[PDB]
Every structure is written in structure tokens, then in C-alpha cells.
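2 protein chains.
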Amino acid sequence: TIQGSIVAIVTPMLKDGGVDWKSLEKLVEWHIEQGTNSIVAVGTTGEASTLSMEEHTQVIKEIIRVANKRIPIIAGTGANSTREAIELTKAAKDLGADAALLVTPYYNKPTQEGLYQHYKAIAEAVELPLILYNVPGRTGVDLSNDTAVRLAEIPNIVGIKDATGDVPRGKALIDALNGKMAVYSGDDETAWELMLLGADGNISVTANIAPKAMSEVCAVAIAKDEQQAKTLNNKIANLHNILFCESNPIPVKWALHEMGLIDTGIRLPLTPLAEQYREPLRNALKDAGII
Amino acid sequence: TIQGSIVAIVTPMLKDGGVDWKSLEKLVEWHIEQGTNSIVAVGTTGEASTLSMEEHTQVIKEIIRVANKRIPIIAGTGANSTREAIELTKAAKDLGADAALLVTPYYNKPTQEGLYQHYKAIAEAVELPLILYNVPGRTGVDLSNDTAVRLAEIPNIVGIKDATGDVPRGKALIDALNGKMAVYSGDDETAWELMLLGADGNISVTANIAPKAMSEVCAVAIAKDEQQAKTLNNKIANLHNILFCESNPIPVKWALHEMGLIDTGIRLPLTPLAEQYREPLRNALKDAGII
Ligand SMILES: N[C@@H](CCCC[NH3+])C(=O)O
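Read top to bottom, the protein sequences are chains A and B. Note that PDB author numbering has the first sequence beginning at 1, numbered continuously upward. Note that PDB author numbering has the second sequence beginning at 1, numbered continuously upward.
No lab work stands behind these hints, which were simulated from the structure alone. Heads up, some of the hints might be wrong.
Chain copies aren't distinguished; within one or between two, either way the pair holds.
Within a straight-line C-alpha distance of at most 27 Å, the following computed DSS-like cross-link-like pairs (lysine-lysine) qualify [to be verified]:
#1 22 with 120
#2 61 with 180
#3 212 with 286
#4 90 with 212
#5 224 with 61
#6 93 with 171
#7 171 with 15
#8 26 with 171
#9 120 with 15
#10 15 with 90
With these hints in hand, go ahead and build the complete structure from the sequences.
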């Protein structure tokens, strides 16, 4: 049921790396004003990895408070420990989050059965809608369509963020499932095509700097308007490319800085976008009319 | 500079997941007895990602207590947060660890420069020998030989665990380093080859079940006795392959259970060795004279 443009929102930071609450606040308000359908708080793009548990809670709480029930909020609550994922997802629920996005355990490479048992355990432990999140390139594991299909049987497992960018496989996944659970794109550059094939939305990086354009692209692709989905995407297709010239969220945070929306803060081991890409990005933002 | 067989020790668990302190004590004792040259406490093989911070500290504490200065203890203290890694590495230092092993930040994909700044920051914050650890298949990031050479200039960065299993690449690493830091194998199958090439040791998974054998293999290869290192390694070569039928430490823990040394405990998302693999493992263990 949650659909359209879902922004994986950055966690604005002060020069020293402290969370910049006033920028965070303005961003959320802007996304709501601009058309953004919902926000994933503290996901990969929001630097889940470098924020303390206390900061995860603080950030989730502020985004919910500022949203004021106008759009649904998803809390990023993934962990590579089943026990810890349970704790983070429970905390998200108690905070009133509408759903939780859970990346597959990264680094420790669990088996498919383990991924199955991991998710099942969380779903039975916390009574909240859970969205799976597969991004093999970052985690070391690949949650198969088959395993996702098995998980779709659990009532509170309501979707999956497929960041593979493998359109054929995403379509295969969509078809293998029925409205059993939703499928969200996690790859901005092929998102439009995924939604045209039935995905319910796009958990976007690009929606961070072009919330309305992406808002529109999703509405149109979900309505199966291929031609208008193609020409509305072409206008921002370049953005989809440069926002990953270095690992996300490095580029998108610098973009947001060139837009005057946030400061340069960014936490190690991540680093400020290398000088090498700042100008080509400034030009990409101009070419798209962002600035 | 630590040299030889360095066991990446498992952390024994009771059926319900609780750390089996008694078995751990017995294993540490056994390793010292059998010829193990060093122990890595709470590394990947020790399920560092599913142990609480307190259990982390406790495992290091116990291993150090039992070892009683007989052999150097390395503490696994890697994190994908620079702040977090410094905290864990200071802790290890204050606990009496001889060095710390830090895997490259996983999941969040820092740049090469981010990797350099991450490790540099930790080196300067904690006066303790640090060993880098590159295992691209688990982390989603590959610390290049160039970035390694850079880091080797730093006084207390004393070594690198190269888990690529790419010997020619390791040859190039050993050569480019000009001795500035040690190189350790993180791939049991090719460890004897990397050591014959100049590696100072093997942070081994196999040493968990064949410590006497891996200890001689290491000493002989480090001495550059190619014929004896090959024939000694040939006797345990099938183990290096079987111990990875599923993701480590899933197989080595079960092997150790078949040996009657530990219980079946393992924490989700990890799972006990799949049935189909238990017998073949038992046989390899029998052929190697372990069982
Ligand atoms: N630590 C080893 C274990 C994985 C087991 C593969 N089946 C690695 O990085 O590859």
C-alpha cells in the first residue's frame, strides 16, 4: 500500500559531523511540499552505519514529529545480528514508525535459510510492517527471488527493496509474487522501468535533490505510461548516473550542499565528495534545472 | 612482529547461544599446547558481529587470562564506523591485547581515500599495533595494494590480512610494501603459497581443527622450504576446502562439534551446518586423522 517516490533521506550534518537538526527539519518539510510520498529515515543514504543507536532514535523521532502524519515514515532498522535487528525494529515501532526497512545481514554472509530465519524471527517478534532490502554489492549476500517469495507468506512482511538493478530478475520477482508483497526499486536508473512492470515505488537517492521530478516519474510509471515515463526520466537520468560517481551518499550530500540545503558534514569512513567531481556535478545540477 | 599460525578462534556457544566459556578456556589451552603461535579473539570466525559489546570485551578478557602471556593475543576490533573502531580498539588496548585486527569498513563502501583516512585516524588515536584486513567478498569494498602501501608508512600499522586468495596479487603486495608492514594470509587454501612468497603468517580458520599441522605448515613455509610446505599442506588441503562449504564459521564450528570440543550453538542469522554437509565433513576429518 505505500507507493510512489520514497526518498532515502540523508541525515544532514554540521561541519563537525554533528546531526544538523534544523536542516533535517527543513528538508522533510520541503519533501512533503514537493510531492515526495514518504521518507526512509536512517537508511544507507542516511548513514545508518555512522550514527549511534541514540542518534538513530533521535533522527527517526524528529522526522516523524515534523511529518506530522502527512506522509508515512519508514525507519531503516537493519542489522547483521538478528537479535539487534529485533531491538532496532521494536524501537522504531514504539516510536510510531509506519514501517521498517531491513537490509539483509551484511558481512557475515548467512545462508538463504538463515536469511529466512532472520526475517521470520523479526516479523514474529515485532508487530510492524517489514520491508526486505537486497543490495548484494554492499552486503556480500544475495537474497534470492525464491527466498523473498517464501517470506512474502508472512503477513507483516509487506515488501522488498530490490537494488539489484537487474530488470529481468525484478520482473521475474514481481510475477512470482502476486500482490503477496510489494516490490520497490532501489536502483534509480532503472526504477522507472521497474514501476512500468509493476513495482509499487522507488526508494530513491535521486529524490533527495529532485523530489518533484521523481514524484512525477513514479506516478506516471506506476500508471504504466511508458512514453511519458521515459521522457520525464530522461530529464533526470544524468543525475541517476552522477549521484554514484563515488559511493552513495557522498555525491548526493555534496549535491544538497551545492543546492544550499545542507552543510558539508559527513562521517568517516565516508568523505566529502572528491574535488574531481564537484564541478561536473554542479553542471549536472544546472543541466537539470535544479540550480 | 607476530609470525606463524594465527588462529581465528571460534567463540564456542551453548545450544541456546550463550557463550560457552568453559569450552573456550579448553580451546585456548589446547592451541597453546598444540603449537598455535597466536590467537585472534572475536574476529569473523568468532562471530564478532553477533556478540554484544560486553561479550566482546569478555571473550578477549578470557582468552588473554587463559593464554597467560604465553602467546600474543590479537583482538578483532573492526567496525564500519571510524568512531566505533577507535572505541573498540582503545578497549582492546586497555584489556591487554597485543594488537588489533580491523577489517575494512563493510556495507557502506568508503573510497580508497576514505579507507586511508579511516585507518590513519584509528592509528593516531590508539597506540597499539594495527593489522588491516581486506576480504572484498564480505565487505563490498577492496582496499587496493596502493592504499595498503600508503598505510604502511604509518608507524603502528604493522600488517595486513590479505584474504583475496589471489596469490599473484599477494606477490605484488608483498613486493610493493618493501617490508614496511607484514602480510598475513586470510585464505587457508593458498596460505602456504603466500608464506613461501614472504607472508609472515596465516590468520587461519583451519588452525581451529588442525593447530599442530597448521603450525608446522607455517613455520616450514616461512622458512621457505617449498617441498616440505607443499607436502605438509597436502595432508590438510581437503580441510581448507571443506571448511567453507557454507560460510565460515558455519562449517568449522560443526567440525569442532564433531570433534567433541564444542556444542552446536551458533547465532542467527548464522545457522548450524546444513545436513547434506555433515557427513562429508566427518569423512574429511577422518581422512585427515583429526577424527
Ligand atoms: N571468511 C570466509 C568464509 C565464507 C565461507 C564461504 N562459503 C570468507 O570471507 O570467504
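Here is what the structure says about each hint:
1. 22 with 120: neither (38 Å within a copy, 32 Å between copies)
2. 61 with 180: Classified as neither; 30 Å inside a copy, 48 Å across copies.
3. 212 with 286: within (16 Å within a copy, 65 Å between copies)
4. 90 with 212: neither (32 Å within a copy, 47 Å between copies)
5. 224 with 61: Close neither inside one copy (35 Å) nor across copies (60 Å); limit 27 Å.
6. 93 with 171: The answer is neither: 31 Å in one copy and 51 Å across copies each exceed 27 Å.
7. 171 with 15: Cα proximity of residue 171 and residue 15: none, with 43 Å in one copy and 41 Å across.
8. 26 with 171: So residue 26 and residue 171 fail the 27 Å test inside a copy (37 Å) and across (53 Å) alike.
9. 120 with 15: Close across copies (20 Å), not inside one copy (41 Å); limit 27 Å.
10. 15 with 90: between (32 Å within a copy, 25 Å between copies)
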